[PDB]
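Visitor: Listed below are the residues making up each chain.
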Amino acid sequence: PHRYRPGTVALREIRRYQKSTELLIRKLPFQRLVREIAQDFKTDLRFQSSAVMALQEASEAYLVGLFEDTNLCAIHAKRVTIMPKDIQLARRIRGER
Amino acid sequence: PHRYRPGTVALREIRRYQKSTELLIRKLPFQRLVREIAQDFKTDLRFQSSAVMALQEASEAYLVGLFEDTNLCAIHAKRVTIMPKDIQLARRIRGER
Amino acid sequence: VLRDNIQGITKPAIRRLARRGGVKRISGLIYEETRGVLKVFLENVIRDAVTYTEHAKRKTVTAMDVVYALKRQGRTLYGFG
Amino acid sequence: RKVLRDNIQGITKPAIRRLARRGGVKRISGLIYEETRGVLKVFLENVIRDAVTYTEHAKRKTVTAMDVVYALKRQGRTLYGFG
Amino acid sequence: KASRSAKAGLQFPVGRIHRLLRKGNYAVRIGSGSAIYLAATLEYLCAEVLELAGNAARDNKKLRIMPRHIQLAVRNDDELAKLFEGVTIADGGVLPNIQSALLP
Amino acid sequence: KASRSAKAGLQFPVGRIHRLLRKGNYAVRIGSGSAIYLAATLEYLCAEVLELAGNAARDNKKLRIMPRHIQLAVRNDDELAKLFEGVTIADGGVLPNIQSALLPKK
Amino acid sequence: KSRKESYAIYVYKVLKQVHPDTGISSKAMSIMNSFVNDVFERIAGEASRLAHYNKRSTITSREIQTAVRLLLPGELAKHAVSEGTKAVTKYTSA
Amino acid sequence: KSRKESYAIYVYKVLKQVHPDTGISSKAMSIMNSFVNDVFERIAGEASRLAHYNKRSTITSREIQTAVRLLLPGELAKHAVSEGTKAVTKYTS
DNA sequence: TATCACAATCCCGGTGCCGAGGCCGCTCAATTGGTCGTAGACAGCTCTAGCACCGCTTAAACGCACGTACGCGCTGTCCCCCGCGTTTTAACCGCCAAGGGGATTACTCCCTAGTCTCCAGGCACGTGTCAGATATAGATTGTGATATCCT
DNA sequence: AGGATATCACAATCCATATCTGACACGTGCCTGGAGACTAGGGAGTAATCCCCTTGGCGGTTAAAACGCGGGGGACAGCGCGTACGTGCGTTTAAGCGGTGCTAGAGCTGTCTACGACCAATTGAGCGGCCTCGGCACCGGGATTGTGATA
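Chains as they are written, first to last, in the UniProt record's numbering: chain F, 39 to 135; chain V, 39 to 135; chain U, 22 to 102; chain Y, 20 to 102; chain L, 15 to 118; chain C, 15 to 120; chain H, 32 to 125; chain B, 32 to 124.
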């Protein structure tokens, strides 16, 4: 039947997610990930229901900020696809490791 | 007579300047530049002979640090030449403007 | 105990994160890589958070602990405490 | 009083080439020189303005080494060797 | 009696700000012009950000400033986005910005 | 009269560091152990950097530590380069390093 | 019973004076309160360091004015210094 | 003639005990002195903020221990803690 | 694909010079000893408040088929960037005279801490109304496939 | 016989409206902390010197920069092609919600106790300043990998 050409559902998704301001990761998998990470620093911890929310907001802001720079670095090389080379280059220019 | 192929005097220069630790800009043009810039913030100023030295050290460290990232961004795009696109990309990823 | 939760950051979640960032087309090897990045960021923050907590002799990681852990990496977060 | 003009062209091409070589660059395009002069001017304004603020706060006229070191520290560019 | 924050035409509490400066271990002695000056700049920054936020909320057919509008009005201004260098705003979204190469 | 540095087994000054704490406006009152602890960490970090710098200077048949050697010994250490992250060192040069894609292929 | 102080009512006064017909949600007020706390601590810390480099012991209006000039960029700092001067003058006129 | 109050001779002592046959220039002494100053200011600032968050008023050794555990990265913060604890313990004796 | 002549690079070493190390006198600040107010460690208690589980949905994820466009690889062009040689122009070094500003010291007058008191401004708590969110529906729109008009 | 191209059809976004709940604006009670008023005081403004150190000038050397030519190599354009990513459909599965019980931790209050600030006096440690030398730069010169031209 109908079939959108590759690169219009993508732009509609871009325009939809850049507009709304929800949380993009499912709260429960992220909370379990946070607890599994914290297991290595103090056994039998306890997390407020808002500390996890702050960690998730910070994490999503960080990943979005990283993908913006990865996209710039990908466009720099005559492309539109982003590959791990771009992420690693962005994280090297920004000074992380 | 003799003629080094393009790209060996360059590497010899790279190996020579990465090894020695002098100052690479002539002190007097840089000092005049600093004074001409400061003219716009307080008329009839006065510079210690060591403040100019600190400004020059900081400036050269900044420019060297910028050229390292510009070189990475140029190699990223299948090149060895660095163009203003690379400098602007590096200064955008690093967060400056 | 919990094992292998970094797979909870599913591939569609990463697609949505990239779409908010402005990416039109994502390679196939990004996803795994991205998880790595995430699993490092948290390790650098949560640790500080825990350090800010067991110093106050407490046992519950507050939201101010996370806010301070962020602030001490130049990543200030407005909105929590 | 002197008025100095057109001094950014004092940072000549071979000096910029030397900086690039230290940075590790092999081949330099031809339009990098004006761009580098621009970047340098911007950084220098940003640092000299803070240095002059620190100086004219303490009721002085002589931009000291420590005024520059503080103007740099408050940009995340700590500079060991002049304090 | 007469309030101090209202003695200078301000809206931010000069008393609370002065007590915070004193009991905050910034210097030993603290002048009486410091509280008023600090409160004036704090109120100016609040007025500017709130004005731009209200404008951005009206240009979206709403009546209540939500975090979305503060993020919009902060990233969409030069000096303010310079003052907000590394600030994440919870529930702020991002600026709507598609590149030019990705467009059809 | 014995110096507190000697009692605590250090070399760095405990008295001077304690006073510097008391008159720096860090808190209203400062405990006795804070000076000793801070001095111990300061001396340890100094020992680390100076040891590595002396090594890097001996690798050049030079019996004197110059800024160049401090830079070489700080950038070649993961943790110290993480501690000197945003720091410039005057007269320090840079690390000898050429990217692969610039060398002559053959 | 415990209490905590915030800049809620003050930010709300400023809003009702600059935008008389516009409310402000709860989360936005928390954001503005965090913003005020952060800018306050930045200006005050920089002023402390300033009054410590010149071996002074008093954070007068001079230190706050210079700290505002150092932190706020460009046209922001100009207007903020102007407002601070006007306020100090009005108050000193008793 | 006002006095200049630096960490020159203490850095020199540490060096002469850890690398007994090597000297140190004057530029390198200035760099190490500024380094000690910067690390001191970082650690003291963090200890102050830690005392301030927990509604305390004293900078005990606990706060300096935590500030070291925050600022110093990875494996350094273990040896620095060991040295500090050993020094305090020998002081109390 | 193996060999040759030349243009840096490196090491030996000899001199000097100069920046590091040793040493002296003072002087300022670290140490010692009481005295005291002060915050901080400690036990109980009441109450949140985060953890655990479970039932039930249902929205979101996963896996597969396909087929389209994008990354990549090869070739060719020619523009532009490096190497090299000459000339000269402006940096470097230094010697120095003016002088302008920064540091110091003593006075003093102004502005801030400390303390008790008391009132009024701010916070927790209820209360109800208004605006954001949700559900349908219609009209506007942007995208994609196609017959038709050109070469 | 295919491309251009205006043209026709269809899924998605967006106003317009009812309606609905919850989240904010508003009034109230109470408390705690800010404002006066007085006292003591010590820190910053003012003045005067003075010494030092920064600007300006010049004058000589000399090496770094500017220019101009010439050759090569690398960046860009152009095309084919293979694959790998987006799109869509159908099944399944955990995430969300809400709800209840449990106990663990946390904030608060009183209680004590040990500990750190304050002050007065003492001496020793460290700093500025003057000598003495040994590591480093600097130059000449011999030996050594390396690089483009030969074959």
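Where hints are given, some of them may not hold.
Said to hold, decoys possible - Pairs of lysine-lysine, BS3-like flavour, derived with a Cα cap of 27 Å: (1) B/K47 to C/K21; (2) H/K86 to B/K47; (3) L/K37 to U/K78; (4) C/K96 to B/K44; (5) B/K44 to Y/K80; (6) L/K75 to H/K47.
Said to hold, decoys possible - Okay, the calculated bits of chain V under chain C, using three or more residues with CB under 8 Å as the criterion: (7) 45 to 58; (8) 118 to 128.
Just so you know, these hints were derived from the structure itself, not from any lab.
We put the CB at the ideal spot given by N, CA and C, even for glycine.
Visitor: Taken at face value, is the distance from the CA of C/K21 to the CA of B/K47 at most 27 Å?
Guide: Since the Cα atoms of B/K47 and C/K21 sit roughly 21 Å apart, the hinted pair holds (cutoff 27 Å).
Visitor: Keeping to a limit of 27 Å between CA atoms, is the pair of L/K37 and U/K78 held or broken?
Guide: 25 Å, holds
Visitor: Is the hinted pair C/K96 and B/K44 satisfied, with a Cα-Cα distance of at most 27 Å?
Guide: 26 Å, holds
Visitor: Can the restraint linking H/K86 and B/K47 be considered satisfied, given a maximum Cα separation of 27 Å?
Guide: 34 Å, violated
Visitor: Verify this for me: three or more residues of the region 45 to 58 of chain V with a beta carbon less than 8 Å from a beta carbon of chain C.
Guide: holds (count 8)
Visitor: Run the distance test for B/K44 versus Y/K80: straight-line Cα separation, threshold 27 Å.
Guide: 39 Å, violated
Visitor: Is the hinted pair L/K75 and H/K47 satisfied, with a Cα-Cα distance of at most 27 Å?
Guide: It holds: about 19 Å lies between the C-alpha atoms, which stays within 27 Å.
Visitor: Using C-beta distances, would you say chain C covers the region 118 to 128 of chain V, given that this needs three or more residues below 8 Å?
Guide: violated (count 1)
Consistency with the previously given hints fails for numbers 2, 5 and 8, ordered from lowest to highest.
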